[PDB]
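Got chain A; can you put chain B with the ligands on it based on the hints?
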Amino acid sequence: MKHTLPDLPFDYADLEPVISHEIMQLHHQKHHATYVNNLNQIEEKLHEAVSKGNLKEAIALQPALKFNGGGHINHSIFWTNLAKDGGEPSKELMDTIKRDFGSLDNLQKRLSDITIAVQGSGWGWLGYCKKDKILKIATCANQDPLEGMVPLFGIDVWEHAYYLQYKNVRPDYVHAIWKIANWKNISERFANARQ
Amino acid sequence: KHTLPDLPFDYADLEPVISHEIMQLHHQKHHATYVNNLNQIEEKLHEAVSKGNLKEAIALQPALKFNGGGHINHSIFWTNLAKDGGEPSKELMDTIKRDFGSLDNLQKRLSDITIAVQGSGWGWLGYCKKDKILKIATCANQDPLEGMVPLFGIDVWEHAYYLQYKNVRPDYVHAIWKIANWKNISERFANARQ
Ligand SMILES: [Mn+2]
Ligand SMILES: [Mn+2]
Numbered sequence: 001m002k003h004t005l006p007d008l009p010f011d012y013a014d015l016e017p018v019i020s021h022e023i024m025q026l027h028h029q030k031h032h033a034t035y036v037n038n039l040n041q042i043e044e045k046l047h048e049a050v051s052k053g054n055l056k057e058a059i060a061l062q063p064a065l066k067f068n069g070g071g072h073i074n075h076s077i078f079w080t081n082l083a084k085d086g087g088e089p090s091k092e093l094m095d096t097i098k099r100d101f102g103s104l105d106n107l108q109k110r111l112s113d114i115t116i117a118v119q120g121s122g123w124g125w126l127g128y129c130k131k132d133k134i135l136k137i138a139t140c141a142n143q144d145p146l147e148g149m150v151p152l153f154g155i156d157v158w159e160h161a162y163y164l165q166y167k168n169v170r171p172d173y174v175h176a177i178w179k180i181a182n183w184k185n186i187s188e189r190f191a192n193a194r195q
Numbered sequence: 001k002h003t004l005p006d007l008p009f010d011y012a013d014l015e016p017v018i019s020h021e022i023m024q025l026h027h028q029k030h031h032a033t034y035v036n037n038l039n040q041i042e043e044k045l046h047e048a049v050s051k052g053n054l055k056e057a058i059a060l061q062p063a064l065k066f067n068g069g070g071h072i073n074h075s076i077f078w079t080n081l082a083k084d085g086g087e088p089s090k091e092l093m094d095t096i097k098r099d100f101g102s103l104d105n106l107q108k109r110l111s112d113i114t115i116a117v118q119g120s121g122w123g124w125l126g127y128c129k130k131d132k133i134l135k136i137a138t139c140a141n142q143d144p145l146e147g148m149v150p151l152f153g154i155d156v157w158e159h160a161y162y163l164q165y166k167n168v169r170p171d172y173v174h175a176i177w178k179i180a181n182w183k184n185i186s187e188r189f190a191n192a193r194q
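Protein chains in written order, with our numbering: chain A, 1 to 195; chain B, 1 to 194.
Incorrect hints may appear among the rest.
[Unchecked claim] Computed list of chain B residues with no C-beta within reach of chain A, every gap over 10 Å:
id, residue
1, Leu4
2, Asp6
3, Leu7
4, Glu15
5, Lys44
6, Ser102
7, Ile113
8, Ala140
9, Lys166
10, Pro170
11, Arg193
12, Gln194
[Said to hold, decoys possible] Mimicking PhoX-like on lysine-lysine, the simulated pairs with C-alpha atoms at most 25 Å apart in a straight line are:
id, chain 1, residue 1, chain 2, residue 2
13, B, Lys44, A, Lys2
14, A, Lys56, B, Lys132
15, A, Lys136, A, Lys91
16, A, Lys98, A, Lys109
Quick caveat, the hints were computed from the structure, so don't treat them as lab data. Beta carbons are placed, not taken as given, at the ideal position from N, Cα and C, and that holds for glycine.
Just chain A, with the same shape it has in the complex:
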């Protein structure tokens, strides 16, 4: 069925002073909504090419599906990943963070560093690899969804995610976002990944 823009789990000003209401409103109501609207159109075109047996046309639509579909997936996760009252990692997630990264401080530094280092637009991710049964960190370009591991916590480093507030100073945003990481949600995603 048709994709829709999910409501935010909070009001647009609820993450201040870490992310402005200006940013939250544009990011959700314009940027995410555009991915949803475009995704619905691209899925319809792809379904048509598949049904008509137009293989070249189906292949040609793949970048648009990955871009808008990835945009929808990424931002849908990102909204649930943010909270004013995030809380603390679950006992099991904390244990696993300690096992895989030494400490929460180490994880935060390492993920912040690779996220800050993204050239152009993209995302940093904490994920869970089900095959190796370990936490891992990665970056993705543009809206490429995190693949091969289950996403737990994502940091959007497209310039639109921070520029109105932070201007060029991307590291201030990336370090600050940890203050609003929704550990309740991240812990739920971790529990789900290990089932």
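Coordinates of chain B with the ligands only, in the frame set by chain A:
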């Protein structure tokens, strides 16, 4: 579901430019494998799409492009080769002269970019409908030619030449011109023009 197209000639008909053993493996194993895998990948994709698993549907894209591109590219390729392909039509020769100077210049330029492909891929002569001009391009792996109409393709995956030419890819790329099916290429040009 997709099927392996019959060759329009017998397996030894392109000798001495491309051997019987190459044609047999290239058609019956390599192209067949793309067809078989393409059919399986389409079914995995439909299940992902019908169940609403957008993430999995995106994850399956590289396999569709690779196997689907494999099927597309080789299906064109077989029609592009002939023991006695003739010469370009007058209209095609005129356009070749317009856009490249001469057939000699087009052959040199396309051979050069095709030889220069790093790893596996294809060289293409194509017709761009927007700008109404012939162009040359290369594609990586099995990526189909996009944004122009394919007219003549040169497979430079090592399996296309290795048994006969070994490491000497340039001798193969230069020699394939001897078996270019200009009857087919000229027809593809005429269709691209309308
Ligand atoms: Mn964004
Ligand atoms: Mn081949």
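How the hints compare with the structure:
At roughly 15 Å, the least C-beta separation between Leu4/B and chain A is larger than 10 Å, which holds for a residue marked as non-interface. For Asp6/B, the condition that its CB be more than 10 Å from all CB atoms of chain A holds, with the nearest at approximately 19 Å. Separation of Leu7/B from chain A is adequate, the least Cβ-Cβ distance of about 20 Å exceeding the 10 Å criterion. Against chain A, the non-interface label of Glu15/B holds: every CB pair exceeds 10 Å, the least being about 32 Å.
The non-interface label for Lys44/B is consistent with chain A: the shortest C-beta to C-beta separation is roughly 12 Å, beyond 10 Å. Residue-level check passed: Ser102/B sits 31 Å from the nearest beta carbon of chain A, beyond 10 Å. Here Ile113/B stays apart from chain A, with its beta-carbon at least about 22 Å from theirs, past the 10 Å limit. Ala140/B, annotated as away from the interface, keeps every beta carbon of chain A farther than 10 Å; the closest lies near 14 Å.
The beta carbon of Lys166/B sits about 33 Å from the closest Cβ of chain A, which is more than 10 Å, so the claim that it is off the interface holds. Every C-beta of chain A lies more than 10 Å from that of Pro170/B, the closest at about 30 Å, which supports listing it as non-interface. The beta carbon of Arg193/B sits about 19 Å from the closest Cβ of chain A, which is more than 10 Å, so the claim that it is off the interface holds. No Cβ of chain A comes within 10 Å of the Cβ of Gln194/B; the nearest lies about 18 Å off, and the non-interface call holds.
Straight-line distance between C-alpha atoms of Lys44/B and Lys2/A comes to about 21 Å, which keeps the hinted pair within the 25 Å bound. For the proposed pair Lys56/A and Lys132/B, the alpha carbon gap of about 21 Å is at most 25 Å, so the pair holds. The hinted pair formed by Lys136/A and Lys91/A meets the criterion: a straight-line CA distance of about 18 Å does not exceed 25 Å. In summary, the hint linking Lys98/A to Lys109/A is supported, as the alpha carbons are separated by about 14 Å, within the 25 Å threshold.
Violation of the numbered hints given earlier is absent; every hint is satisfied by the structure.
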